[PDB]
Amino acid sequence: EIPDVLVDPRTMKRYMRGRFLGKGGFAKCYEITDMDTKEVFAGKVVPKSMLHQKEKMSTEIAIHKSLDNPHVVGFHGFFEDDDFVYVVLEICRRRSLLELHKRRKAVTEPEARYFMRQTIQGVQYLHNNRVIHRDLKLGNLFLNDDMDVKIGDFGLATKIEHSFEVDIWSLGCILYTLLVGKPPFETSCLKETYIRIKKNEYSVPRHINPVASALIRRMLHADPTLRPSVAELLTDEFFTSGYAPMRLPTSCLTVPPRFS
């Protein structure tokens, strides 16, 4: 059983475990409140029943703690007792882009622009700091109350001192999924999915904006050298031409926006 009050030897702060937020593979996340300052965080609780695996999460914490960007999930500290390891993170109350995708399917072009711009700006920060995420997907593009994108889950991330263009590939899949309403490669069979990826077998429909489809084709290019860098992503025609809202209402979680 996870304690009601989570305490740290280091900061010696008291975090009251509150509202359940969800399970992530092996971790169980809760909305935690600092009993002193009353600031709300997301407490990631991972049991010592798991954790070879203890070295993997230690690398995740090492990479995550150094990061500080408005488009990346804020790391506020980590601690442990004899039973559980606790990670204190920025609170994202509006789930992720995966829950939005399931409810919305294909989103409008201005929405994809908003979501992609914010995500790429986050990936740009990562790449400038020599961090490769390696597991970019709708599921770890979290949303706060203001509909701001926060990149999280650095459990497969690496830091350099394949390369950066695997993240660009993943962003091509995300952009495809947002505009088309379904993943470009993913199928019920995992073996078939891998074959499609290897053969670079996918099809962007003809009706999709030529400007958007052209960008997707470059991001998902078989030759990783011909893929655009994170820097030239922002300056693409897809972002600079059409309508690009600076804000999105929370209604976008369920319905298309009216822009009022």
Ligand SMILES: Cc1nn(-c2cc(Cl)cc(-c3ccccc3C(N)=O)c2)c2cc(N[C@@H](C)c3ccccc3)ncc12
Given for the second form:
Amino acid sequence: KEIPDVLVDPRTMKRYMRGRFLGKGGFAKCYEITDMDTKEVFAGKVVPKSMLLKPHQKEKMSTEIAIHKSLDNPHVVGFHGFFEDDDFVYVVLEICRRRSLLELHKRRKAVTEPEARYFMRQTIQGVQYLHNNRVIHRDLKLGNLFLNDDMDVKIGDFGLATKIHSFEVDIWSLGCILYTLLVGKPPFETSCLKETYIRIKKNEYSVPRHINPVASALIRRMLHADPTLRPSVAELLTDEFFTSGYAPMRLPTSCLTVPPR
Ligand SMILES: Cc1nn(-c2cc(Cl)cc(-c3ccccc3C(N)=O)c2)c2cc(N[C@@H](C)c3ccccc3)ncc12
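I have the form solved without the named molecule already, so could you send the form solved in complex with the named molecule?
Next comes the full complex, this chain leading.
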């Protein structure tokens, strides 16, 4: 079943030209779509109705949309309206051309300390907006932290997001991200999936002695066994880690392959 070259919706009555392929997410396929009247570029999520044959699966997508649609923040991926034809459900989203923070990680390994400050700050500022509007992401990872042409972090993928465990699970996820950025490897990384959960439950990680004592102190608190003893989003911004060392306000595109100079 072919995805149409031109994507039109009954509501806005706008035409979207399906351009270059971008990737796939389980059952969804992403394409770079262009508004045929305004020439504005968007990331279009295309999901076939055969993937949502069961009404239960149709719930999770409508819940994700309801949460994402209400969101408006310079650090959250912009929602720009969803629609459907009989074959596919289309979600028009903000385009992030420099991929996610995952592709940067795999290419870079351990990033420099000032970079981590920039990336965490912008991510945490986005997480703050979510938590203020009573939204828990619940699945924060490097792949969800998208990057545009200005290297700005934009949080996306709200497939497990909820609106009101609570807020402190997002703090935990951010602790893993800060670890991975600074160390170069995930804190609970193992080839076996079953092992990873035992690693998480027993809280089995060890920050290598090479990491900044101030940075390791923040990571430990973010990954603390007691969820109530984890720092709040507001407390994260003001931590020594951000205030002590150099923190750039802009990063070059070179950071995708090489350390800044
Ligand atoms: C919003 C939104 N969602 N996606 C999106 C949508 C689906 Cl269905 C799949 C994937 C995806 C494909 C392969 C690996 C990983 C992923 C993933 N991050 O889940 C990504 C976007 C993609 C882009 N830019 C392109 C250049 C890009 C391609 C690959 C990775 C990152 C960015 N910009 C905004 C969005």
